[PDB]
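Next up: a single chain in structure tokens, the form solved without this ligand.
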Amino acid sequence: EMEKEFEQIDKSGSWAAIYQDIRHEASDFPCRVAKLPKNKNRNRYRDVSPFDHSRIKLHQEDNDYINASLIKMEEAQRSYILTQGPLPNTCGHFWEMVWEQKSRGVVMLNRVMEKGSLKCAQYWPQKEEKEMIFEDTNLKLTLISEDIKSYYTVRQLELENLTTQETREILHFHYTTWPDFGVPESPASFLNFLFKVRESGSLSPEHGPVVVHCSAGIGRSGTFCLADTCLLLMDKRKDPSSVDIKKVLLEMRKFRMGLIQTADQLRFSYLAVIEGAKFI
């Protein structure tokens, strides 16, 4: 049981040391495209960049850059795109990526404002009758419906490629109750949220990869993908107790840097996987 590992780390007060060792073991790959001067305004944070090998490329000759990475989990047979929260000038790029990658779902794990600062642009329309047009990427986006619950909001959006007039329905799953500081006390509502995303078909292989973000696209987004993958692997393997969350995290870190940003996020991820395993 990773629960016995969990209790052991708790009693010995070693979360910080376990987390720092993951930081030390983590892959280091170049982010040369990200660091090009012409892309400075396409990155929110100077210390959060997509690796070149796993970056999502926009299908355009001018500038193909977006701060987004494909995390491809072979054994679990799950793929996720992790990205930063859109910036005022990269909302058109964001929706272009969603279109070109054939994503069905977008998972948002932050509020537009937290700690009194803007953590991303308002990249989706708040009213049915006030649609958004992204002129740079020739896309139209329309709020079709919105269902606000206590811990999350799910929206249906229609995305139209104005060039070909094709439309698609995108589901927007917005977790709205992650605290400004720290992690949630109990993983129950986060797990419920994950199950709602799963139930929608947004994580399924008949669609492109789900797009997941918070402000930077590594902390809470890492937590979401790490929990999902670990739980899938416990369902798939002959020996479920062989699923090692540290090894999965390190594997995911081959595709995007810095996934899980604090020791508290690590502890929380353990908690989510443990409680989620017991529910299943």
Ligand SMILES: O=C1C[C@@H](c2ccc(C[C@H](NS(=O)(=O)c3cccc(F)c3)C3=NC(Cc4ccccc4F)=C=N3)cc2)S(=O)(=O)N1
The other form holds:
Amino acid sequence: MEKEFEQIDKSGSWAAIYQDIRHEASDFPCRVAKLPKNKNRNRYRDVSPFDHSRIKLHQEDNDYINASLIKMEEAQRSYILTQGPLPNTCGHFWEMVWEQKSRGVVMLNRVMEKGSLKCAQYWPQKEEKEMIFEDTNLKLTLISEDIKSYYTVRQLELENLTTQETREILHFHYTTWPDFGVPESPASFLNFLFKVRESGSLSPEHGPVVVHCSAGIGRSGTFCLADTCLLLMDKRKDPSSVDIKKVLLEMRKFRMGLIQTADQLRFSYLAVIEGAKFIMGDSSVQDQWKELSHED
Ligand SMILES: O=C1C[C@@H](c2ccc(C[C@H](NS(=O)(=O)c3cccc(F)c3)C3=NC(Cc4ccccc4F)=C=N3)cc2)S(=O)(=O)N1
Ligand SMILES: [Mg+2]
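If the one shown is the form solved without this ligand, what is the structure of the form deposited with this ligand bound?
The next block holds the full complex; its first chain is the one shown before.
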């Protein structure tokens, strides 16, 4: 894998390679997303979930949410990728989290980035001020938070007001990944990813983890591609066999535009190559990653 990386670097072909992927990517209808009644449920007019893989809310009125089920058969892991919720779709977001039985939510953006709103404040910032989503009959409370230098992990309590059932939802918020950009380092990215993994959130016993950024395709796609490739390396009898470009095209069958710049693609290669060290056994790389990430 690093041989291909090295030759892409020498040839200076990241852009051409990335554009080939965009050209070969699947094109499926998004008719439900484009219905006039769903216009205000979409943050961006050009980013819509394909009809075949969209997540359907269990409400009869309108079951539409800009969210997609990325089901990776060989890796044996599913993820739900969605846009940052809008002021009017936060209830829908939590209804999806509840109905799909997700245990973790991975957020890779900030509410405001460079002077622009990118996502509604869909969770409580203060313990004493819980949130009620009236349209969906759900209550959400901030139980605690572990704030790190570049990411924060939060314990949220989500309650179905109707049945009184409550669930602990873990929120993994990466706060320093710029839009259309990349993480500070493979180490910082991997330190975070393994925190999500170690939490049990990605376990097949739970529903799919919900991953989102602003549009739910650039940063979210980078995060899922690296996680999936590392999973495939650990699975197969020969990790060198993992073709990251093939994996990305496979993921793009479930949601459009995953990975938004040639450099996020190049970063994905670095993340997988670095993470592979842990998969192949190295028990000193993780601490290395933590030290390198300066999470304190
Ligand atoms: O690293 C990233 C990129 C962010 C991001 C990606 C796409 C968009 C959608 C934008 N839509 S628009 O209505 O603001 C907009 C802005 C400029 C030109 C244009 F035609 C529309 C967007 N579209 C292109 C990107 C693009 C191009 C073709 C098809 C689908 C696309 F998403 C660039 N930004 C917003 C944020 S993320 O939150 O997914 N992580
Ligand atoms: Mg306080």
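Residue numbers count along the first chain shown, from 1. Shifts are known only where both forms have a C-alpha. Rigid core: the largest C-alpha set superposing within 1.5 Å between the two forms.
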| property | result |
| --- | --- |
| Displaced residue between the two forms, judged on C-alpha after the rigid core is fitted, out of 166, 180, 199, 169 (threshold 2 Å or more) | 180 |
| Distance moved by the residue 222 C-alpha between the two forms (core-aligned, Å) | 0.4 |
| Per-residue Cα shift, residue 115, between the two forms [Å; core superposed] | 1.3 |
